[PDB]
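Can you make the complete structure from the sequences, with help from the hints?
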Amino acid sequence: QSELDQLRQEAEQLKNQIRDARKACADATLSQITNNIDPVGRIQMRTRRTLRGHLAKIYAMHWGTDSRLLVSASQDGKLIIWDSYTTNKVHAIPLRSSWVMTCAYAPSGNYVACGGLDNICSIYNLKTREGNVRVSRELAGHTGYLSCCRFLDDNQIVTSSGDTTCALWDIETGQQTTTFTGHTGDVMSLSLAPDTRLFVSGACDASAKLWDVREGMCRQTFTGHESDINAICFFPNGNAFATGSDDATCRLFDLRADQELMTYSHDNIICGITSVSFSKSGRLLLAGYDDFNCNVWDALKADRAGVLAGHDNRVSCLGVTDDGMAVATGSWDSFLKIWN
Amino acid sequence: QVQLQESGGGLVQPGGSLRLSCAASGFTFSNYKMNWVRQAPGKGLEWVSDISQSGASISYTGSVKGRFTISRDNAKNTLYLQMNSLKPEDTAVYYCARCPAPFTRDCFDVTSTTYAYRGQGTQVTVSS
Amino acid sequence: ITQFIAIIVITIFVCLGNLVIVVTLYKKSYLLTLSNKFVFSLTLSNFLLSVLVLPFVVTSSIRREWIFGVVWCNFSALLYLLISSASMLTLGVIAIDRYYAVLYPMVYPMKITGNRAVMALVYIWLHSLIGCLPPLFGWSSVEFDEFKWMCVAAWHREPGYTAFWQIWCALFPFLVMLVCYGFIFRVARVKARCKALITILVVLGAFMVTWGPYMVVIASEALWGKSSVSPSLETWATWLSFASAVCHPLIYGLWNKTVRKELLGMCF
Amino acid sequence: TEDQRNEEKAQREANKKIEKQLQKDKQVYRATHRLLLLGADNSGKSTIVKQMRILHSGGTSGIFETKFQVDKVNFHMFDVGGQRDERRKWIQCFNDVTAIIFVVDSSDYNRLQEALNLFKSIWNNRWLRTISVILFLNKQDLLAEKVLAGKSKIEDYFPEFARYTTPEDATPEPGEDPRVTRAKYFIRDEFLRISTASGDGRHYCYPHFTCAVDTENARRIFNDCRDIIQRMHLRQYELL
Amino acid sequence: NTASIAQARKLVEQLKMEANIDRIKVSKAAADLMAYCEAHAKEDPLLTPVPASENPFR
Ligand SMILES: CC(C)CCC[C@@H](C)[C@H]1CC[C@H]2[C@@H]3CC=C4C[C@@H](O)CC[C@]4(C)[C@H]3CC[C@]12C
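Protein chains in written order, with the deposited numbering: chain B, 1 to 340; chain N, 1 to 128; chain R, 28 to 220, 266 to 340; chain A, 9 to 64, 201 to 253, 264 to 394; chain G, 5 to 62.
Honestly, I wouldn't trust all of these hints.
Listed below are several chain R residues computed to face chain A (Cβ distance under 10 Å; list not exhaustive) [unchecked claim]:
| # | residue |
| --- | --- |
| 1 | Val129 |
| 2 | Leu130 |
| 3 | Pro136 |
| 4 | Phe212 |
| 5 | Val214 |
| 6 | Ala268 |
| 7 | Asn328 |
| 8 | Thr330 |
Which chain A residues stay away from chain B? Per the calculated CB distances, all over 10 Å, these [stated by the list, open to error]:
| # | residue |
| --- | --- |
| 9 | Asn239 |
| 10 | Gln294 |
| 11 | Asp378 |
Pairwise CB distance ranges, derived in the manner of DEER restraints [stated by the list, open to error]:
| # | chain 1 | residue 1 | chain 2 | residue 2 | range |
| --- | --- | --- | --- | --- | --- |
| 12 | B | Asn125 | A | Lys25 | 19 to 25 Å |
| 13 | A | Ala351 | B | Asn35 | 51 to 57 Å |
| 14 | A | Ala351 | N | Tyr80 | 23 to 29 Å |
| 15 | B | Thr47 | A | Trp281 | 23 to 29 Å |
| 16 | R | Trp152 | A | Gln35 | 23 to 29 Å |
Since the hints were derived computationally from the structure, they do not count as laboratory data. Ideal placement from N, C-alpha and C gives every residue a C-beta, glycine not left out.
Dropping the structure here:
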C-alpha cells in the first residue's frame, strides 16, 4: 500500500503542477475582448422538407459530400438513402440486427457503414456490377456496443465502443491496426479533423482526449464538464472543438491554449444535450435537447439567436451540409426535417 | 474535475462509536443525490443508505436500521455518517458516491465496479 | 323569419366543418389508416350533400313553391335519401370496428385487413342504393311537400315504402350501435377501477336527438294522414335532420386526438 | 428531354417500388410483440426461456434472441448479455417494448435488496415510464424448505417482518404451510409497495409465483399483454 | 494489488507527457478565433440568408 500511496502522491503533485501551468496563461477571457463586436440576433428559419417512411425512432444520419444525398438509420432495421431535392427514396437496406445506433457515409460515395448493439461494424457496397446493395465486410473485435464510426478513405475507418476503447481498421484485411486505451467510461462520440491527422473523443468519465492517428497515443486531456459527455464537434479551422453533456451546458475548448474559454447555458434549461454542430463560418452553434427543441447559439458572444421547433419527441441527431446551405435534424418521432 | 475525499475511520472496540466525513468539490452539491456504499473483505460492493437533495426521504438497509444515521450540509458541501453500536461484521471499506444525473431519481450504476463518480475510501475495523 | 336564418346557419356549419376535415385528411395522406377511410367517406358525402340539395331548400322556403323544373325534383330527393342512408350505416360500421378493436386486441391486426375494409365500404353504398331503388323506378311517387320545403317521397300516400325504408335503413344500424356499445361499456366499467358513460351517452344521443322526431312524424303521417301533425312540428322535425351532418364532423374528427393535433398544426 | 427521362426513372422505378416494400413490411412489424428480459446471474431466467422454447433464430453476439408463439401470435424476446457492468446508456434503447420481464431468486435473502433497488431504479426512470412489468418469483420450491428448516431467519435482513400479517386475499395451495405463505406474501408485498407508491394510472405491475418445473409461463405473458393492449385501446377512444 | 499499481504507473507516466506540452496565452487563441470567424462571414448562407432564386430548397 505504501507504493500505491506514493504513486497517488506523485499523481497529485503532477495534477497540481498542470493546474498551476494552466492558470499562468489565463491573461484574458474571450468574453472580455469580443465585447465590442456586433450581435447576430436576427436569425430565424423555417422547415421546408419532411422525409417520411421510417417505422421506428431514428438515431443517426449523415450528409454526403455532394450535399444532396444523405442516409439515416432507424431501430426498425432499415437504412434509407434519400434524395434531398426531390425527396425520393433511392435505396433501402434491411439490416441483420435491429438495434442499430450509428451509421456513416463514405467521402467517395461508394460505401456506407453501420453498426450498433451487436458489437459489429458492417460495410455495404452501393455500386456493385449486379446493381444490388450487398454486404462486403464485417469487422469484429470490440467487446462492447458500437457507438460511432467515421471513414478516413475507402480502405480504413475509425470506431469507438462501449468497452472504453477506440480502434483503427484496415477494411481489406479486416484486422485492427491500432488501439486507443485511455478513457475510463463508455465512449460514444468522435470527430475527425479537417486534415484527418488527429481526432478527439468524449466519454462518460466527463473528460475528452486528443489522439494522434499515426503515433497511436494521447497528448491532451480536458476536464471542464461535470457529467457524462455525449456529443463533440470540431471548429472549421481545426484549432478548437465544442462539447455537450447531460449537465445542461455546452463548453468550448482551445487546442493550443489547453484550457476552457466559453460556456453556453441558461437558468431555465434543465434537460441535457444530445447533438452539436457548427455552421460553415463557425459563428453559429446548433445543439439538440431532450425537450425536443433546438437552440441556435452565438458561439462568439454566447447569446441565443433563435430556436427550432416542430418535433414532438426527443431530438436525436443533427447535421450541416458540407457547403452550409441547409441543416437536417432527426427525432424519436420517426420523422426527419430540413431547415433553411 | 469531480473529486470526492472521505475522512474518518480507524480502529474501534465492539459496541463503540464512530463517524465518517466526505468532502466534495467540482460540481453543484445541492443538485445531486448522495449514497454510502461499502465492500467487505472477500465480497462485492453493498448498499448502505442515501439522502435526497433537500435532506428529506432518507432510506436505509435492513442490516443497519436503528444504528446508523445520514445527513447533509449543503452550505459546506459535506456528507456525514454517524455509526453507533458497531459490530464485528461492519469491518469494510466505505466509499462516497453520487448519482450520475443532476435532477433525476435514477442511481443505476453506483455499486458497479470502476464507477466514475466515487471516492477512494476509508478503512473501518471492529475487533476485540 | 326566425326559421329562415336557421337554414343559413346549418348550411354554413355543414359545409365548413366537413370541408376542413376532408382537406386535412387529403393533404396529410399518411393519416388514412384503416379506420379513417370511413370518416373520409362520411365527411365527403355530407359535403357533397351540402351544396347539391340545401340551396334549393332555401329558395323553396322563401318562394313557398318549387320554382325549378320537374327534372331536378327527382334527383334532389334521390340524393337526399341515398346520402342519409349511407351516413346512418357508416356509424354502425364504425361501432362494429371499435367493438372488434376493444374485445379482441391480440387478434385484431390480422382479423381485419384493408381488403375487408374496402369490401365494407362497397357494401355500405350497395345497401344504400338497394334502399333507394323503388323511388328511382316508378314503384313509388316523389312530389313537393308543402311544409317540408323540398322534394321528397310522399310518405302519407304510400304506407309500404315509408315502413320499409324506416325499418331497413334506420333501426338496424341503431340496434347494432346499441349492442356494440353496451358490450364495450361493461368492460370499461370493470377495468375503470364515469368518462365511459358520458362518452357513450353523447355518441348515442347525437343520433337519436337529431333523427328521432322525423321518424315519428313520418309514422304519424303514414298512419293517420297529413292532418295528424302541426306544420310547425313538421318543419322543425325536417330541419333537425340536416343538423345530423353537423355532429358527424365534430364527433368523429375533432374529438380524435391525432386529427385534432394535425388540424391545429395547420390552423393554429 | 433527358432531364424528364431521369426524373421519370427516379420517381417511377425507385420511389414506388421502395414504398411498396415498406408498406408490406409495416404490417409484419405491427403484428409482432417484442419483450426485454432482465435478471441477475443467480436467477433462472435462462431456464425459463429454455423451458418455454421447449413448449414452442439462434446464436449470440451482444444480444441473444428467442422465438415462441401462442394462439398464432408471435413474440420476440431479447437478452442483452454481451455488455459490461454499467446499464444506464444502452438500457434506454428499449423504450418501445410492450413489457419487461423481471426475474428474482426468492430463496436468496442476502441478494434481495439489490434486486429491489434495481426494480425501483427501472420503475422511476424517465424513459422507462409508461411500460408495464411482468414480475416472476422463481424459486418457491427452495424457499419452502428454507423456511421450514428454520436455520436462517428473515428478520435479520428485514426487521419489519416481525410485525407482518398475512392479507385476507391470500390463496394458499391445499398443502401449504401458513408461515411459508406468510413469508412468500411478505416478499411479494415488498415489490408491490414500491410499485404502487409512485406508479401513476399509466403504469402497472403483474406479479406471479413460479418454479423451475413449470409450463404455464408462456400463457401468462400472453394474458398480461392482452390486458395492457386492451387498456391502450380503451384509452385511445376516450373510454379511459 | 499489482494491477492497481500498474494502473498508477500508467497514470503517472501519462502525466509526465501531458505536463511538458507548450502553451500560449488565451489572448492569442481568442483573437485567432475572432479573426477567422470574421474573415469568412460572407460565405455562410445560414448566418446571412440567401435570395430565393439561388436556394435549392424552394
Ligand atoms: C348530444 C350532442 C348534441 C352533444 C354534442 C356535444 C359536442 C358539441 C361536444 C362534446 C365533446 C366536445 C369536444 C370535446 C373536446 C374538444 C377538444 C378541444 O380542444 C376542442 C373542442 C372539442 C373538439 C369539443 C368540441 C365539442 C364537442 C364535440
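| request: May I ask which of the numbered hints given earlier this structure violates, with the numbers listed in increasing order? | output: Structure breaks hint 9 only.
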